[PDB]
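We begin with a single chain expressed as structure tokens, specifically the form deposited in one PDB entry.
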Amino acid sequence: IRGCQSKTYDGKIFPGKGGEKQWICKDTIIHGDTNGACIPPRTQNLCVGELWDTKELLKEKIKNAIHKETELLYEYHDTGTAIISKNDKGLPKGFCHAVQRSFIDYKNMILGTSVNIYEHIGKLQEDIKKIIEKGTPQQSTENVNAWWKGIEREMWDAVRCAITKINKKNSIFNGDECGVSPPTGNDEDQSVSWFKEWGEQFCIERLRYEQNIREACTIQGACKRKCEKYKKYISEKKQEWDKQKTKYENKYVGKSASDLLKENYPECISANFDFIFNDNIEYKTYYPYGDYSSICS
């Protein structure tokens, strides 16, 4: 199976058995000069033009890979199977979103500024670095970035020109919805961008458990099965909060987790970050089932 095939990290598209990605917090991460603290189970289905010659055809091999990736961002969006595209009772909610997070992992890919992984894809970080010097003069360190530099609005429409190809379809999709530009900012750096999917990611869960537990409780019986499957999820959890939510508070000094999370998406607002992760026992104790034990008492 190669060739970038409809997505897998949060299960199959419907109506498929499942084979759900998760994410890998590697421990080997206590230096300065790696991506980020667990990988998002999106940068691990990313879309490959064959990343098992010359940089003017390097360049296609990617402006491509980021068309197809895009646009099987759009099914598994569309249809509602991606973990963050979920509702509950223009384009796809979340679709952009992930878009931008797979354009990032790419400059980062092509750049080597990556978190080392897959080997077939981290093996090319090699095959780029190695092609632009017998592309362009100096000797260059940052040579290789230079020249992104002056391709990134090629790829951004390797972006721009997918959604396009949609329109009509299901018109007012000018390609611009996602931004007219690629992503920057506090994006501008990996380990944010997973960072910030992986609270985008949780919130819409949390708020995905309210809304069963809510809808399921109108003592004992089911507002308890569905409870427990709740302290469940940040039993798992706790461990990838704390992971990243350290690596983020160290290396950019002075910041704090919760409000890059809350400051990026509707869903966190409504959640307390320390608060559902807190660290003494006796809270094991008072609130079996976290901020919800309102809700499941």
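Numbering follows the first chain given and starts at 1. We call the rigid core whatever largest set of C-alpha positions still superposes within 1.5 Å between the two forms. First, how it differs from the form deposited in another entry.
- Of the residues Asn45, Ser258, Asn35, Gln244, exactly one exceeds or equals a 2 Å C-alpha shift between these two forms once the rigid core is aligned, and that residue is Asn35.
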Given for the second form:
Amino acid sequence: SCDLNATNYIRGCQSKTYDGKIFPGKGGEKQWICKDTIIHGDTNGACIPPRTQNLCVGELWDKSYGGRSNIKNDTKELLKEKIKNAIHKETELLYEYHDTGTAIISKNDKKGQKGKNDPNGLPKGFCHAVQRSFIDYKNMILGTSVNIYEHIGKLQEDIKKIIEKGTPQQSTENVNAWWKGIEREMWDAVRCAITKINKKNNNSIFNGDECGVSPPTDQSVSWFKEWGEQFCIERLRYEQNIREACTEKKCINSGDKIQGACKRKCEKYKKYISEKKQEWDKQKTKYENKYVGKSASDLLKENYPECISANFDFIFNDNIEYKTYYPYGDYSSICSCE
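Form deposited in another entry structure, per the form deposited in one PDB entry context:
Next comes a single chain, given without company.
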């Protein structure tokens, strides 16, 4: 029982672009935004996912003429409907973004090749992305995310106001209660959107429970896990390129030194690692002194099979000898001669 045969579409939410435009479009990708002088929940710093920066807020926000809150005067009933619509649409757009192989986490180790569907017949990464967006909605509603958008910080604040004047007084604690009271219905918007994939897809039959019967499952931890999944997938793609370019044993004389395609693919990864390093240090540090006795490396490796071969301490090692002895990090031996 869903509005499966009921076509609904909303302004403000276009096809995703956070990891780049869908082909034949190109570029337009977002980057991880790490800020120093912000607080995420309780502790200092944060790295905001490209996906979060692309979140569909649908009819909650009016982008026209400089942008304004579209929920200043709403009942909590109308607000709930607008959230549900946004969640539904986000799910639909995330499906497209992953089905087309555009999202980094939907990609295969190989170029042009598709990531293998997960094990219920949905595109690789789709459920993870949908789960992460749901967590972002919850935190926006609770007013417990980040104050990075003056307009989304404004949404946390307008939501809070609707709830207070629309519920019996006893309060952000009423906001917590209201969220818990609608959570199931909000997740049913995801489940419904998934059900509507049957109209679109012949890999399986979709009952709507494939990304979980219940919603998932600390926003900073969710964001870091997302960072990790993306990092580890990208790393394995760097590895394939290196192995394709360097393997073939062609090493031009000087021992011998790496040359041509090999040197170039190897240099790309070294560059990649140097750019990700700052993101890793920031998030690792935040996580490991919030969660005492817990390891950032463990968090990623228990969750994502792509991270298993990643030795994070080696990869992001800031020691003196590593720079000279391992010019291309953990891939220095593939990036060598004989």
